[PDB]
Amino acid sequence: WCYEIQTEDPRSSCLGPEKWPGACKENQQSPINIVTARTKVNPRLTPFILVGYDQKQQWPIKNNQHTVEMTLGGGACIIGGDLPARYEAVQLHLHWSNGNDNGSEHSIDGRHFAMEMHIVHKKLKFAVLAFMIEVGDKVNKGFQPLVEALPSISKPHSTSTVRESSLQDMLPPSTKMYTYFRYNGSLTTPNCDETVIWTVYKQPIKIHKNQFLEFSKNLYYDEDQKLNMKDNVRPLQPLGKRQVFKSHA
């Protein structure tokens, strides 16, 4: 399987998003488009309890042929937030594109952002905290460790390490983590298992244009390093019957 952009090469054809196996063709899929005015409020959607996000560590990263995957291994976890149980933070990655728009998978009122960061949590089924990233005129110190380590994982399957930093510094301030949307869905990559509880935050994280451009300039999809990594996003999926909730009243 590969993203649309990967099937543009005359030779070496492979399965585009429209031809993905597994549960990819099912009913409840992700991403989705959030229509703010149609969301129902649910009081129970109170801010999450972040355990271990304040711990600085050396995070092992790698180019997994689809994105930059940063392994967390349970050094942190989330409790509460109307979740069924406690979830251990397993990994983190991002989806991005060419410009300031049409780079995020989900969209809030038809608007796409520059990138989208996904924090996957394994039920101690999947709790994925999705954040939108916007490009700004200010350097975001919290994203510096990741940016600096990209030049090392240029080649697919490369492995490296990010200097001492915490998950907290990458996320927006806690006073901005009040408003979010919640809905049942699935992974946005094969086999697209429909066992995910999504939490997409309203407030985006802001990084500088140069930190942004650094991703596609350094990462590659293939061994020969001919295709720079970008447009690694899956197109919007139909809402179907499910409802999308908002933490706010």
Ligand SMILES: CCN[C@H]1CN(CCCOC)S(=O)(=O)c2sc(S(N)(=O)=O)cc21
Second form
2 protein chains.
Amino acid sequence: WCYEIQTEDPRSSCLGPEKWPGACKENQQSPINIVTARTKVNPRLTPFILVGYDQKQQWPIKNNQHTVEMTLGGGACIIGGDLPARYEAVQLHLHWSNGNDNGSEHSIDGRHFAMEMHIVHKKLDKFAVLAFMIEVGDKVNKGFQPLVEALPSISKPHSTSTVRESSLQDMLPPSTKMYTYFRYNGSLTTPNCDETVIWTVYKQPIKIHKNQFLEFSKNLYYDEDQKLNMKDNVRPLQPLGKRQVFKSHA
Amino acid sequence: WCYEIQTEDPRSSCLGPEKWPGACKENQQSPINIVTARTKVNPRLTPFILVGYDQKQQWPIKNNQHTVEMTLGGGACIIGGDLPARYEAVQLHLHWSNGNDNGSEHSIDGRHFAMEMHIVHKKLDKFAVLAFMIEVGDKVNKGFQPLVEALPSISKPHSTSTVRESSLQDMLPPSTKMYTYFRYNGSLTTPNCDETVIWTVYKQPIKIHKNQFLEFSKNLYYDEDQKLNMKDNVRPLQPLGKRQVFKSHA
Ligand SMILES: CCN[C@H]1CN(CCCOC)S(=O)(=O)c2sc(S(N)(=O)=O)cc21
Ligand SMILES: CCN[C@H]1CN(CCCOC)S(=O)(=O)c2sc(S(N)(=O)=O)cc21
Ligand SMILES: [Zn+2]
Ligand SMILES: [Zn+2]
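Having displayed the form deposited without this ligand, please output the structure of the form solved in complex with this ligand.
Once more the chain from above appears, this time first in line as the rest of the complex follows.
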């Protein structure tokens, strides 16, 4: 299976979003477009208790042929946010493009951002995915620097590597900016699209420099022969269906 | 009013703990001695959501004649921990002595520590005071360094000063070590001893170097003439009464 951009090569052809295996065609798919003016408030949506996010250590990364995967291996844990149980951090990856206005899978009021980050948590419901919007800024983001530096070494798919001493916490916006977010039931945005995901999309975006952003498409490749750089690894908007989207603030 | 150590001077005499004004003689006073084997578990005692603890800024400090006060001025906020409402950080101070085994007001199983830190929060119940035990170690604590350096400048009572760029978070133990704590209703440990305090005492202590610890008694003074260094600003154990002490873990 692959994204639209990958089917463009006349030579060889795979299952683009249009033909992704069963379950991707179901009643409750992600991503969606959040219409703020139509979201219901739920007081219980109190900020997450972030455990293990302040720990500094080396992170094993790899190009999985679809994105840059960073293994968190249960080092972190999250509690609260009206979640049924406790979830642990498993992996972290991103979705991007070549512009600063159409690289995020989700969108808030018809607005797509530069990139979108996904921190996946397995139930210790089933998956609790925290999604952050990223926006290109005129200033460098020290928190993201460690991740950018390891990019040149994992160019081709399946390459393993490691990220220098860093902590998840420094990659997110301040704790005082994590009050406002959106909740809704959905699915994985890639096959097989298991509808066992509880989504939390935050309003405040993370700003990274234009040069840090360009490093992704420049160093990462989808193929072994390094003919197609990695970008546009984004799935198109899915119909809201009958689902209801909530927000933490009133 | 003053502590025992201050009444020792034959010249002049004030109200030692023995004669502290009304309310200090009531049915539910703090500190107490936590008997772990007799504490009741309460699942609701889930870890606090620490807001504004990750912010780095200059902190105004002053010797208030009873301890080293550090104004947090509502910069931080705490939510959860089965608290009735949200509380904001107002001030931070400490209680110590000259040894490493009898400077903490509270005690866990007949054991007193080197120092005890108190981060006071006003109700945005009434006061939510987080108490941390401090222990002398063989390694320096970078998180506490900023506070130690400002000590020499606030020797005499009522001296104002400022602490260099630092954050509350780096002064506490890791987030993964803040799972176990104790809850109980009590009062201020100094006059007038208002019984409007919800206490949270954490099990894991903060370790600081023996030299960092000695700086407190060496630089701080109770009096204008700097004849009596500051130490033993600790109130003696108060009877548990009929109160019940809970713990977050089972
Ligand atoms: C990118 C790799 N494709 C899947 C892989 N995994 C699904 C296997 C079930 O668990 C064994 S995953 O749980 O790590 C996960 S989360 C997302 S998303 N984009 O955050 O909606 C996609 C995916
Ligand atoms: C040390 C100064 N003595 C009081 C001052 N204040 C009580 C005035 C009521 O509010 C206006 S206080 O709330 O900042 C507070 S908390 C404690 S303790 N040791 O943490 O139990 C003592 C005190
Ligand atoms: Zn994703
Ligand atoms: Zn105190």
